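The complex appears here without one of its protein chains, the remainder shown in place.
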Amino acid sequence: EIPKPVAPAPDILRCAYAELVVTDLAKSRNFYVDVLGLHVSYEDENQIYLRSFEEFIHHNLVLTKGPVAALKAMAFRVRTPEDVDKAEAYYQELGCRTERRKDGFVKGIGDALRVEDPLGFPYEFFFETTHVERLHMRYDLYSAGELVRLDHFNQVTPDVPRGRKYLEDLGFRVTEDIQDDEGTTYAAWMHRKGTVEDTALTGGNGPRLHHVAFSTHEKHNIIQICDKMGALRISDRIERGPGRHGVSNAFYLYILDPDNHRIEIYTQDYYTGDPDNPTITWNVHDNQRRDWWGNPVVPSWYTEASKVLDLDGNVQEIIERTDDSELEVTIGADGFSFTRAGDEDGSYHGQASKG
Amino acid sequence: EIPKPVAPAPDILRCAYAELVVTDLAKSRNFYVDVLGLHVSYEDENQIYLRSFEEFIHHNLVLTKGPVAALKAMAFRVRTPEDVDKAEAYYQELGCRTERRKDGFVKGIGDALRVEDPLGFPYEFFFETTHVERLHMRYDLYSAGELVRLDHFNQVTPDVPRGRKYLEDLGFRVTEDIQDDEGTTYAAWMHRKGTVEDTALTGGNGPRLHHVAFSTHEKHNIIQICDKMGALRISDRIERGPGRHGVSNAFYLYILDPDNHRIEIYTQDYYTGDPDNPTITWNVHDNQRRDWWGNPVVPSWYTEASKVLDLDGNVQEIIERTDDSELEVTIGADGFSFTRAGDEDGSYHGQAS
Amino acid sequence: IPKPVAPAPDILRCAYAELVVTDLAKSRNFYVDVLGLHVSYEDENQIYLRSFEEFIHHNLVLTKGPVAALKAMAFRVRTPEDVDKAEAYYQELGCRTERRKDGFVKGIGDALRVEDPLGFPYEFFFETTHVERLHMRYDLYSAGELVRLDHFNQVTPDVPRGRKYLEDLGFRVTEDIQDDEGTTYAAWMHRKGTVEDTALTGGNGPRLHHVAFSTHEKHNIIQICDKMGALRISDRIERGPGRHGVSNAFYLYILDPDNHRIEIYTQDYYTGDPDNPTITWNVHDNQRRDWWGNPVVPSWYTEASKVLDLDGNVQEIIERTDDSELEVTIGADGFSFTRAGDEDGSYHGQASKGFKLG
Partner (left out) sequence: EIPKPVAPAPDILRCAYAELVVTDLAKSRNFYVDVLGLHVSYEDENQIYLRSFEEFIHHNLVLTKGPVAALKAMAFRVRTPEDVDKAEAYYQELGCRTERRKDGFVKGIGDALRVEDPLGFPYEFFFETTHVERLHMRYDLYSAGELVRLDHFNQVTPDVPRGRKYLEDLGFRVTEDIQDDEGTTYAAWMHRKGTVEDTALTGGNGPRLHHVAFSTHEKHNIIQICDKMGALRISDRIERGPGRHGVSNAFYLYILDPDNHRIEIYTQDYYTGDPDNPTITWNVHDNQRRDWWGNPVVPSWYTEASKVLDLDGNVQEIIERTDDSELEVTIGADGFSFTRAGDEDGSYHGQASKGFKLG
C-alpha cells in the first residue's frame, strides 16, 4: 500500500494534455487532423501540438515522433505555480523519481514537474502555459465530428484498490467503480474537475495506457465520426461502439490510431463536483455496466493497451495482474453476465452477449 | 417464374399497416404503447389498433390476440377504390387464393382484399380507411423516442430473383440489392412511395416476416429507444444496432417484441422517386454493406423471423432456400468479408468482424 | 385559367433553379464556401451546384448576368414524352414556349421553357446527366450539409387563380392560409409526396420568393446560423430559425449576395396519399408561420426576386389587390392571436414578442 504523505497534495484542476510517442508523424497527422479534425497549435518535423475546439491552453495532445509508440506523459494542470512545488515535495516524500524543468518539457508549457508515479505512470504537473486563440465560436471551422474538449485518461494497472487509495490521497474522488461479490475491484473512475473522470483505472497488466478521451457536443457528432470512417474505408479502426456507457452514462466510441493508441470519443456524462457525490458501484457480471444496451465488449478492449515510458524514455516493465480478469469472468469460457439480476433469461454463460 | 398477368396491376401507394397475431395482448400493449409510444386508435380485449405520430389513416399496426404469434396480413394502400377490384383480378389471374370483404377485415379499413400471394405471404390491398386526428404537431404527446411513420416491411423468401420479378410486375422498383460475383442474389429492396423501400426481400427460408420498420425524425430518437430499453432492463431485446446501414444509408436499430416479432427503427434514407433512380448493388463480402461501420451481424438476424398465416389463419409451410446463404458466405466457417476489397488487412475469415 | 383538353405532363418533382447573379465569385463564395453545395461544373459564366444526395446533374445553376433574377424554375417529368405533353399543354393555354432538344443549361437534355400564365419561367425536362451521388460521402459531409432540393415559392397577386392552374397541372394543395371573409394569402402544393414542390405567396408578382434546400436534422440548420455568425454575416440571416406552422418543418431564411432568398428546411410530413388531409390556417393565427409565435420580419412579406421572360428581360410586376398578409397581421391595423378568441396573447397594431414594424 502507498502511504499518505505528510506533505500537502497539489491542487489539481483537470487533465490537460497527453504526450504520445508515434512512429510515423505524417500518418498520425492524417488521423488526428484530417480524420478527426483536431486543430494544429504548432508543428514541426518532430512534433505536432493539437488542441480541441474549446481549448485556450496551448494543446491537449502532443504527438512526438519516436522509435517506440507509447505514452510519454499524462499531464494535469494545477491551480497555482506554487502547486508545482507542492507536487514535487509530495512525490519526493513518496520516494518517486521526479524531474523539474522551469521552461517545460514540450512547447507551450512552462515550469513543469514530471514523475514516475507509484503505479509506474509518467505524470506531469504544470501551471504555466501559453494561451492560444480559443476556437469555441469558430463555427466556420466546426466539423460535423468536432472534438470540443479533452475529457480524461484511462490507465491499465494490476491492483486497482492500491491505485485508488493513492489517487484519493492526491485529491481525486471516486465517482463509479466495478466490483464483484468476492471482494475484487475491476475498475474505478475518479475526478477533479467535476465530471465523472479525469483519470480512471482499469484492472489489467500494467502500467499501460488504455485510452485518451475527447468530448463532442452531441451524440450525432460521434455518429458522424463513424460514418466518416466508413466513407474513408477505415471502419476496421473502429474498435467498439458507438454506445451508451453504464458507468458514466456517457455516449461513446473507441477507435484506434495508426500506432494502436486508443482514443475514446465521449459526450454527456453528469456533474460530480459536490464532495458527497453519490458513488455508484456496478457488479462486474452486469451486462449493462459497460454498454448500457448490452452490446458485447470485444476481447481486444480488455487485452490491448499502449506502452508507457519512464523519465528516460524507456518502456516501463509490465507487471501481471493476479486479481480476477474482467474478460475472463464475463466473456471467457467460464464467464457469466446477466441482463436482470437473478433472471436466467437474458443471461450469458461462457460467451458474450448478442449471439 | 411468376408470369405477369394481363390484368392491370393495382396502383399501390405505400405500405400502410401490419396485422400481427400476439399471444398475450397486455404484454404486447406494454411493448408497443408503453415502451415504444405508439398511439391508440382503438382497443378492446381482443385487439389493439396503433398508429404513428404523423399518420392520418386509422392505424399502422393491429395487434390481434391468437394462439400462435405470426404475421396475419401486410397491408398496402392503393390509390383508388377501383384498385381493389384490380388487385382482385390480378391475383385471381395469378391463381392465388383471395378473400374480399366489402366492410374490411379489421376496424377502420373498408373494402379490402386479402390474398395468399405467390410467395406465400398474406397481402391486403385497400383504399377505404377511417381518417383519424393526424398527431404530427401534437408535441404535447411527442416521446423522446417517437415513431413518426410506418416505413416498410421485410420478407424472408428463398428465391430473391423470383420474388423480385413478381414485385417489379406489381410496380415496385428495386433501389438496392446484394449480390456476389457468382451471380447469387441475397437481398433486394424495392419501393412505391419514393423511399428506399416499402418492402424488401431477404434470402432465406420462407415465407417468414423478417421485420416491420418504423421511422423517427432524428438519430437521437433511435438512441433514446436503446437507452429506455436499458432503463427498463430489457436490453436483451435489443437484437442488432444501433448502426448506419450500407444499403439504404439509414440509421437503424432492431428490437424484439414479446413474441419475437422483430421491429426495425429507421431514419434518413434518400429519395428514390425518379424512375431512373440509380440502382446500387453491393457485394455480399463487403463488411460495410449491412452495417456501414463494420459491426458484425448477429446470426439470429439471418436465421430468425416470424411465421406467416394463410387466409384460414393457419401457419404457412416454409420452403428452404437452396441458393447460397448470406450467413454462411460471410460469417460461417467458410465465410469471409472485407473492409477494403482485395486487402487482407481488415478482412475476416471464418469469423465475424 | 382554363383546363386544357391536352393532358398535363406527369411532373415528378422540383429539380433545379437557374438564378442570374451579378458577381459570380461572390455568389460562389456563398453557395460553395458558406453553404457547402457541390460543384458539378463551373466556368467564368456559370456554376452548377448540387446537394449531397442528388444524382441528376444539378439543383442550382448560377448564371452571370446584368440583372439578378430567376431565369428558370425547372421540374423533372416522368418520361421523355412528358416534355412533348408539356409543350402541347402550354401551347393550348396560349403561352410562349421554347423547346431545345439539347437543353438550355449543361447536364440537361431535351427541355421546354415556357412563360406560364402567371408570368413565371418554368422548365420541363426528363433527360439529365447523372453524376456521383454523394449521399454516403461522409468524408465531405459538412456540419450544415444541404441534402436535397425541396421546393420553390412564388409571389403572385391572385392565389386562387394560380392555385387552380397548378391543380390542373397535377399539383395537390396540402396547406393554405385564408381569412374568414374568403381571402387566400398563400397555398402549398406538391407532386413528390412532401408538403410542397412549389408554393404561392400572395403579393405583387411574378417574383420568386425563395428556393428551399433540406438538411437531415435540425442541428444542421442551427449550424448554418452559427457559421454565419462566425463569418460575421449574421445580417444575411433574414428570418428564423423556427418551426413552421404550415408544413411543420424546421426552417431558416437567408439572403444570397444578390438578395435571392434561400430557405433551409427539414422534417415536414408525407402527403402522397390522394386524400391527404388539407390544412387551412387563419391568417390571424400567430402560430401559422412560426409555430412558436416569433414575429415575421416585414422584408419576408415585401421582398422577392425578379423573374425573367424567355428573352431574358424582367417580367413586369402586377399589383395584388386582395388584402395584404403583412398589413392584416403586423401592420398598424393588423392583429394576430395565440388562442382564437382570446385577447390574452393577442397582438394589435404590432408584431408578437414586443416589436413593431421598423
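As written, the chain order gives the labels A, B and C, with residue 1 at the start of each chain.
Methods note: a residue touches a chain if its C-beta (ideal position, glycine included) is under 8 Å from a C-beta of that chain, and two chains touch if they have at least 3 such contacts.
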(request) With touch as defined up top, name the shown chains that contact the chain not shown. (result) A, B, C
(request) Using the touch definition up top, pick the residue from C:297, C:307 or C:308 that touches the left-out chain. (result) C:297
(message) Just to verify: which one of C:80, C:274, C:277 or C:345 makes contact with the chain not shown?
(response) C:345
(message) If I consider the whole complex, including the chain that's not displayed, which of B:227, B:259 or B:264 touches that chain?
(response) B:227
(message) For a quick check of understanding: of C:286, C:315 or C:329, which residue touches the chain that isn't displayed?
(response) C:286
(request) From the listed residues C:26, C:130 or C:353, report the one that touches the chain absent from this view. (result) C:353
(request) In the full complex, which bits of chain B touch the chain not displayed? Write them out. (result) 137-144, 146, 218, 220, 224, 227-228, 230-232
(request) May I ask you to list the residues on chain A that touch the chain which is not drawn? (result) 13-14, 54, 56-57, 77, 79-80, 131, 134, 136-137, 149, 193-194, 217-219, 246, 249, 268, 270-271, 273-278, 292
(request) State which residues belonging to chain C touch the missing partner chain. (result) 217-219, 222, 225-226, 228-229, 232-235, 237-239, 241, 243, 245, 250, 286-287, 291-295, 297-299, 338-339, 344-345, 350-358
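Definition applied: only the chains that are shown with their structure count from here on.
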(message) Please tell me the distance, in whole Å, between the geometric centres of chain A and chain B computed from their C-alpha atoms.
(response) 42
(message) Using Cα averages as centroids, what's the distance between chain A and chain C in whole Å?
(response) 50
(request) Just give me the whole-number Å value for how far the CA centre of chain B lies from that of chain C. (result) 35
(request) Provide the list of chain A residues touching at least two other chains, using ranges where the numbers run on. (result) 218, 220, 227, 230
